[PDB]
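It is the complex with one fewer protein chain than it really has, and the rest are unchanged in position.
Letters A, B, C, D, E, F, G, H, I, J and K mark the chains in the order given here, with residues in each chain numbered from 1 onward.
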Amino acid sequence: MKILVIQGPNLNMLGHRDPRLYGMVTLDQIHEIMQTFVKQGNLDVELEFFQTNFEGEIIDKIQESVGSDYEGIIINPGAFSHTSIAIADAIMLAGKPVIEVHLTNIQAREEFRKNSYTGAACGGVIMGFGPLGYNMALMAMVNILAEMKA
Amino acid sequence: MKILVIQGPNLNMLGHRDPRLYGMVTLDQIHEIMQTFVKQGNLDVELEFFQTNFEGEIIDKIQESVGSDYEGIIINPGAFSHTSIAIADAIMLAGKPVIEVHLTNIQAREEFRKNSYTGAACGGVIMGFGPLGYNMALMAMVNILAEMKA
Amino acid sequence: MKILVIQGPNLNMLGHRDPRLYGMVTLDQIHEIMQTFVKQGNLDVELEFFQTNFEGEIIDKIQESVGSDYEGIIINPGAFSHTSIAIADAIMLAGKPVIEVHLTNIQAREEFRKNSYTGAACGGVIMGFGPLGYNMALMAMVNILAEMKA
Amino acid sequence: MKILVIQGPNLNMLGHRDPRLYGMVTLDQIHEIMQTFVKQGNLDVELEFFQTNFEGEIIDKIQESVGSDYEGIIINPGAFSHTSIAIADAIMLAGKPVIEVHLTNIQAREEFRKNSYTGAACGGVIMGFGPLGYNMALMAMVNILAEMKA
Amino acid sequence: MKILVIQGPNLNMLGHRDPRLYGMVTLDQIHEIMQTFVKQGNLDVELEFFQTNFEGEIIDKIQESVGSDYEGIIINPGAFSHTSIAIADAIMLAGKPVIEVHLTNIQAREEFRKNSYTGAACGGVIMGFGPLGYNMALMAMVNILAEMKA
Amino acid sequence: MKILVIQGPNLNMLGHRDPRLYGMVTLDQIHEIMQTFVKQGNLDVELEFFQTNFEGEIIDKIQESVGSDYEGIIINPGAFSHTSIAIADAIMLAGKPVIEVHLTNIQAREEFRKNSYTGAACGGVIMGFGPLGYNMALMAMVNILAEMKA
Amino acid sequence: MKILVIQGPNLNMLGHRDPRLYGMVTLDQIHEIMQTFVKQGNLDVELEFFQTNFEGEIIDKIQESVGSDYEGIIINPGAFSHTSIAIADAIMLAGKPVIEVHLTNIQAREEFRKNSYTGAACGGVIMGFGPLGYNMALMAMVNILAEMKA
Amino acid sequence: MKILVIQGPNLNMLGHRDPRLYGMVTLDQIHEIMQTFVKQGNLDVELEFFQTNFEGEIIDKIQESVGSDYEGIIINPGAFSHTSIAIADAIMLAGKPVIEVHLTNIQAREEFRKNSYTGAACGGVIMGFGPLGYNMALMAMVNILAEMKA
Amino acid sequence: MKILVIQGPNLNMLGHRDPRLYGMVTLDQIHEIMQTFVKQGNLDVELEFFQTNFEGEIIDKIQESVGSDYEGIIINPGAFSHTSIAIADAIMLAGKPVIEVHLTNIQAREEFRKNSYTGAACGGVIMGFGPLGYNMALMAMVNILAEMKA
Amino acid sequence: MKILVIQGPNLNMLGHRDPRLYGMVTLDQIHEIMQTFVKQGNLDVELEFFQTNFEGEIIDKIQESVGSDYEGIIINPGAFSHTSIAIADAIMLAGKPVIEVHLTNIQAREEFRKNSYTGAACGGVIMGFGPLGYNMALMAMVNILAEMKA
Amino acid sequence: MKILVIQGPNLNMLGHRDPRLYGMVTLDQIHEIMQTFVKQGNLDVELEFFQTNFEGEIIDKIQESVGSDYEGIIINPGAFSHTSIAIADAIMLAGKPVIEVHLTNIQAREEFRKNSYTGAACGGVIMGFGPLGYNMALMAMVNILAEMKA
Partner (left out) sequence: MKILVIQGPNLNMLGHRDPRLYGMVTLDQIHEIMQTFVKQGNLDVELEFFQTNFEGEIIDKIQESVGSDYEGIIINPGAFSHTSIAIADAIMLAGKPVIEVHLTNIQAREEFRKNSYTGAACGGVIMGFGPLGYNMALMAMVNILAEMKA
């Protein structure tokens, strides 16, 4: 399985800004942890990582995934979760499993973070576990894709 | 007349995804149908087609149209219809006729599709006719631009 | 094809009142223009025109259309667009194509004009083209009814 | 007892349109069933049936009932339930028992059907039993009018 | 001056129903009082009175007034005040002074009576004076029409 | 047929408190009246009555009904109608006919009583007939269960 | 009869500012016109005029009116109409007739002017007649106070 | 570690009702799967399982957990997620990690399921993975409790 | 006088959890303080204390109070204040004085705590005084019950 | 301790107007009762009483209290409770205990009385006990100020 | 140029209360800083400073400014920004430039501070710069008044 990991606006600043709220582990470190989760698990998974601050680049990437290459997406759309009907539509149209991850619990913050157009379009959502959420999503994606093969 | 046809996020997937809702005619096929409508009508129209998943590329394109080249725009902003005040402002500022087209009837879907900032900025709106909407928009634009010349 | 053209409350005052907003072309003139569109197109269309200020007369007329006589409706429900669930239900129940036309762009006026119960019930909606909208609707209806025959 | 049965907009299409939602029993058939309920019950009831798509005709009829002739009303105002403050006022002013019936459960459909101005004005409301609701209303009206005589 | 007095749904029941709220003076009595106000004032006014429970009949009547006959309207639209965008549009389009009267203070009742589409379209509104409101409206109309002549 | 009659919070106080609004007939008296309706009708119905002030006891009881014993439920959830998504879900999951009864017209009281999650989940709803509503519900349930057998 | 005329915030600028919207007749001129209406009518009325930009001074004045001196109030609370629950309470507590006047039609302006706490507390409201509204209010007050004496 | 697994209203019907939406795996089967996840992982975890349809029993259980016995809770509050401020407070007061699981994606259903008072009180939330969500929660809890020990 | 003191969900954790917000005085300590207030005052009061996390147990207890034993209730419904229409109805139906106490100022916290269905049903409400509120309520209840005896 | 008792708009009319709702005890009588509560209690309290219908006079008075003279405020802001952010800010800025009292239960009246900006700024709120509320507030203030000294 | 500086409710407490949020610079100090800005700039400006906690005194002052004396106003209406339609109207009617200043960023605080009726009436608004905002406003006013002279 190729699994695409899409990281949205501002995620590249992880570990460098607002450590109180988002922690001290960087985005690159999360990606190395995900690799280690696959390698140590001997999972038949190839991870591709992609970060961007552009809505259009997320949509382009999701559309790129219409192919025999990629079998699922794990996405943290950042602030676009709450605003991007376009990304939500791209997810709906992807026709492959998509899992949404948030570092924080978006039910427990400002009112404007409670809506997730993208999350509503995803099969499942994981929030509030920090970096561990991405490993949870990896566990879940492997299990989903194996279920679909069976 | 040069008429610019702008197609927004996800429109490039037409005919390939969710055929139940959006049909089996591709974006390229719609564009060939529009050309055929002009050629068979002997209309003095040059069509330029542009698709993008980027809000900023739509705005750049609309601004590009401030010129003796282009006389009107037919636009399907996709999901940005409901979210993009920036595109709505660009339309307001274009100072040339703009017609909004939607494949679907955005009054008859989710509540979040009912608002169209962009449509409110356009002279007219056409929705719910599938690909035929673009030919309706072409008919209308030709008639508007001929009225303005008179 | 028999196509029924239903014009709602206040439409009979067109061309005589508020010309700034609704123009100087009368309702009778629009109807003659629609005929000319059919005759010059050699379209196999018989138009029937009906105007009324009564919700109940619109519903009676729509129900009248349950028959081998009429194959589609083009309707401008006027202000009843925003208020009449009853007309919306009649449209839903008609089981024939219905197209809604507005002279003005009802996305670009008072907040109370944005809701269209009737438009949500229609296959398609055309707004903001003035009288030309009715010819667009005629073009569209002919194409829809020909598609259904095929 | 004279009991007036008022059937609102679109009810005359019952059994002929949207059978999935509203069933295959016609309005005339419901009225014959109500008669049979009275005759087989030996109830001292004279039914008068009235259907109309006009709000004003419902109000005129309700006002007609200010008389020694009619002792109660069973009404299905159709879509006017949700919109007609005027009919609600007529009901309030009738000074005789009025029972509202809906074929469908208007709590379980679109948000715009949940409000019933007319139902709020009625003594009681019955919804979601299809045609049987009218017999329930008949049972209830007989019992109410007998209680009032005692 | 011909002044048209339009009385909306349920007004014909005045004095006969809910006397606690609407009083014991009938509609016919109000009309005789208005005549007496004109006659005793030696006002150069011809009153025409019209009551109806039909929205469409109000609109037809208002349109009838597009003429050298009638110079102003005093209207109590009843419950249609709160619902009828169509009547509000007819008033806007009338191009003659229109005054709205309510017997009751519609600011001091149910929340659903607070909106008056028709009142917003009228030059002025009078509410809460019972039958006296109509004489106030007559005083006002005479003064307005005399100001316009000067 | 076994028919389960579930009476929710505060119903056990009927006839003892607030007689102006809820009447002077006790809950036990309503239950005896329902029995008499069955016995005098020679209906093949076994009634089981259950009252509780506990949401969880209502849900437990509804789940108890997943069995060859009980064929339908008549429920007055009291105030839980407006609040209990859990009871609404239990009703949805019951897979047997459920009818909601209210003594009062919950469209005609405080705004907070207008929502009925439970009523939306029920096949039908009866409100505003006082104790008679339960007999109406019994009539209806017998007719529904006989229709299902046929 | 002593009639107190209370003029609220900004009314003292009438005729001097925004003549397009509020006209060119000053507050002092309106007061002289009201006197002339009484004198020419030989009405047994003593007018007292009071203008202030202070909510507390309006309330003090209204309370001052608890006395054999003053029999009614005509009030234009200006912008306090929309905000002042305190003035609304003072009006409720006055136990004498109070009539609210607005120069403009507060149904036809900004959304924030539509609410009138004070108007809801008044017996009647007059709006949209400019200065003439005050004479209408005077006519009405005389008639109300004469009715109360009878 | 003792981990308490709390299952709320209606969860005991899993696998027996509405399999389309909630699947065919029973609650007991999920619990055996969780045990197998611990046993096969050689995790130092003792699971305690508790299901109830009572809000008060959930709160009692959570309070029971104030002790050296239990170190974390995995909870699916069912419909109480959307309604129970009391359970949310109990979670806040527990002073131990709590993870919320939903079988379904509560962002993608009825509007009334979008609010989760309980989820906002939890450290993290997992939704839309069916039974697998509970294993994800187990993975997460073990990792959280191990982090806290370090 | 027997005075029933009802303490709702989570109150039994007082003094043990979240001392910053709710203080360090336990529920048992508050109850001993209330006794001391009665004993030192030589008040003719018998206190009965009852805490529960169950809505149904509160309602059962309130209904228990329909008797010559208990003359008033002091209640802190906890989180049920904001949610429980059922408890509010039980209070309305109790026909004895009920006083609501909150430790905290529920006007000064989350928006979801501002509504108190139960408080609206109570004669009076005391909030924000911590444990002292219960003594204030005791002072008040004694004075109310003595006034009723006179 | 000097305790300032501030009474807001309309409170000076207590006992003279609307006795049904606000009772027959005057403001002066409440103040004498408060004195008697202090004198009979031998409390070391000096009361200062201040009533005004002016928002600005309340704010001036509260600011006056920034001094060694006054140690706490008991305030009934009347209708300004619901409207005055300015008074709420003055309370926040006072840096001394402030208790809000309402005669009536402002949770149980019009929707517009439910918001209390001032109450949210106060340490505690007492409502619905009539004049007794002020003695409750006095009891509470003495206890608060004694706690602060310790 | 005479420039009037109006400071609203509570501003006189600046530097003495809540220094964390509003700083330690007093109102008098801000006024001396503004003078120094004019003197050091050799600006042809005469400053007049006015602080008050009374809405009516602000309106009186603004009206005072209708004169050859004063050419512009810099205003911080304090909490009246969010509530005072009357002050907003006075500003609209002033017919001279008015600039609104807030010490804090009123977009970044409580929801109830986001609305500024007064700010909407002003030419420009400055917020969130503390005392420096007043010097920014002075810079701006000088530039505006010089532009108007040219």
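Note that in this section contacts are C-beta pairs under 8 Å (C-beta built on N, C-alpha and C of every residue); 3 or more make two chains touch, one makes a residue touch a chain.
Contact with the omitted chain, checked across A:7, A:65 or A:83, is made by A:83.
For the options B:12, B:81, B:84 or B:105, the residue in contact with the chain missing from this view is B:84.
Among A:18, A:32, A:44 or A:147, only A:18 touches the chain that is left out of the view. With the whole complex as reference, residues 105, 107-108, 114, 116, 119-129, 132-133, 135-136, 139-140, 143-144 of subunit K touch the missing chain.
Contact residues of subunit A toward the unshown chain are 8-10, 12-13, 16-18, 52-57, 78-80, 82-83, 112-113.
Touching the omitted chain from subunit B are residues 54-57, 59-60, 63, 66, 83-86, 88-90, 92-93, 95, 117.
FYI, only the chains that are shown with their structure count from here on.
Two chain pairs, G-K and I-J, are weighed by contacting C-beta pairs, with I-J ahead. Interface matching across A-B, G-K or I-J places the copy of D-F, with more than half of contact pairs shared by residue number, at I-J. Computed from the mean C-alpha positions, the centre of subunit H lies at a distance of 32 Å from the centre of subunit I. Centre-to-centre spacing of subunit B and subunit F amounts to 55 Å, using the average Cα coordinate of each chain.
Touching two or more other chains at once are residues 54-57, 83 of subunit F.
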